[PDB]
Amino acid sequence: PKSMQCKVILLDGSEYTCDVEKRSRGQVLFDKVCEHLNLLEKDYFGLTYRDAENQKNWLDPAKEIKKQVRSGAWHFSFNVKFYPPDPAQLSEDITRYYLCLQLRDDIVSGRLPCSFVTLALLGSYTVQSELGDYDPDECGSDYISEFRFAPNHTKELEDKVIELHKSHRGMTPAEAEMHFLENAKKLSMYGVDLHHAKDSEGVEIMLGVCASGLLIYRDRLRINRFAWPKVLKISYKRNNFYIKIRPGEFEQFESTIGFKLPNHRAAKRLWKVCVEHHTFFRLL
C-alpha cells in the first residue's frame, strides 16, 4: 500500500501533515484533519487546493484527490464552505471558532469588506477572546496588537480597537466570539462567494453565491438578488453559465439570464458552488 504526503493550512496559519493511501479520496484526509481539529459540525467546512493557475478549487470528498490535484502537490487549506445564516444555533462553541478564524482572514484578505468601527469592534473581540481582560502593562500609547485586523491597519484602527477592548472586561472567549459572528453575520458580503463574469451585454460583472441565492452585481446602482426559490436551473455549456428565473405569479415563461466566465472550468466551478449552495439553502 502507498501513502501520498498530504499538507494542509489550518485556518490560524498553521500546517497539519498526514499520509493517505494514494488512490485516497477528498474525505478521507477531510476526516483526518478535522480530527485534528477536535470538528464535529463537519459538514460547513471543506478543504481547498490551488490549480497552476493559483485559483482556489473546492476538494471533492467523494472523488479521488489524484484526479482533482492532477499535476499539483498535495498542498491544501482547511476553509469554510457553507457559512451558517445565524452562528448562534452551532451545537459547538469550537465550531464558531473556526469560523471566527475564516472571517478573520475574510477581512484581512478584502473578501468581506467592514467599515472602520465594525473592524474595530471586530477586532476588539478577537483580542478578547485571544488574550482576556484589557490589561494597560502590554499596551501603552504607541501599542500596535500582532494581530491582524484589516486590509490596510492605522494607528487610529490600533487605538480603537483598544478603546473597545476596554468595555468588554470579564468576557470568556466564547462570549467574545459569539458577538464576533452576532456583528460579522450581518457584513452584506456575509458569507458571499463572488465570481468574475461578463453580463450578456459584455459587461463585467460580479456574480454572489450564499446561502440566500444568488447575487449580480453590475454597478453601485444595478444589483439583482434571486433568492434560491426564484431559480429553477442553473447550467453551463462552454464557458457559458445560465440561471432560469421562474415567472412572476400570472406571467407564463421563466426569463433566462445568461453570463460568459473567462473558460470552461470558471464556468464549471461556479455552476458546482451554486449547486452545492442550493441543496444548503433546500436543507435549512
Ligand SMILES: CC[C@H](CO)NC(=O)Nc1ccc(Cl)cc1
Second form
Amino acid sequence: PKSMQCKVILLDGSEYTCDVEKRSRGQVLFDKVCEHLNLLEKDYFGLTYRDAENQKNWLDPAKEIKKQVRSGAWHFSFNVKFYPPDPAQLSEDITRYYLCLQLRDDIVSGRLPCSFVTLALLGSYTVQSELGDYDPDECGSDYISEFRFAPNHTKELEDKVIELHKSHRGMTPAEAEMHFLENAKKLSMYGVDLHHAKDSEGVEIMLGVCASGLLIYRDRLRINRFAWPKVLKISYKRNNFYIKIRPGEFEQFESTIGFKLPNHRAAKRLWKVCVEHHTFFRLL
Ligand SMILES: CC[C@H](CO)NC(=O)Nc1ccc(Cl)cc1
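Can I get the form solved in complex with this ligand as well, since the one above is the form solved without this ligand?
Whole complex next, starting from this chain.
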C-alpha cells in the first residue's frame, strides 16, 4: 500500500513529517497533524498548500490530497481557518496558544495591521508567556529581543515592549495568551481573508471574508459590509463572483453585486471560503 511523504510547516515555524496512503483524503493528514499538536478543538484550523500559480489554497479534508496538490509537492502549512470572534469562549488553553502563534505571523507578515502601541502590548504578552516575569539581568538599555513583533522593528518598539513587560509580573502563559487575544480580536483586520477583485465598473477593490460577513474595501472611506444574514446566495461563473443581497423589508427583489476576479480559480477559491465562513459562522 503506497504512501507519500507529507511535510507540514507548523505555527512555531518547525516541520512535521509523516506518511499517508497516496489516495488519502485531506482529513487523514489533518488528523495526524492535530494529534501531533495535542489539539482537540480542530474546527478552527486547516492545512494550506500552494497551487501551480503559487496561490494559497485550503486542503479540502473531504477530497483526495493528490487531486488538490496535483503536480505540486506534498508540502503544507498548518493555519487558523476560522478566527473565533471571542477566543475566551474556546474550551482549551492550547487552542488559544495556536491562535496566538497564527496571529503573531499575521502581525509580523503585515497581513494584520496594528498601531505602535498595540504592537508593543501584543509583544509584551508574548514575552511574558515565553520568558515569564521581566528580568533586568537579561535586558539592558540596548536590549533587542530575539522575538519578531512587527513587520518593521525600531528601538522605540523594543523599549515599549520592555516597559509593558515590566507591568505583567505574576502573569502565567495562559493569562498572557488570553490578554493577547482580547487585544488582537478588536483589530479591524482580525480574521479578515483579503481577495483582490474589480467591481462591475472595473475599479480595483478588496473583498474581505470573516466571521461577521463579506467586506468590500474600495476608497478607504467607502467600506461596504454584508452581514452573513443579508447575503442570500453566493455564486461564481468564469472569472466572476456574484453575491445576492436580500431586499430590505417591503422591497420586491434581491440585488446582485458582481465582481471580476483575476482568473476562474481565484473566483472559485473566493466562493468556497465564503460558503465555508457562511456555514461555520451560521452554526456559531
Ligand atoms: C514562532 C513562535 C514563537 C517561538 O516559539 N512563540 C511565541 O511567540 N509564542 C507565543 C506568542 C504569543 C503569546 Cl501571548 C504567547 C506565546
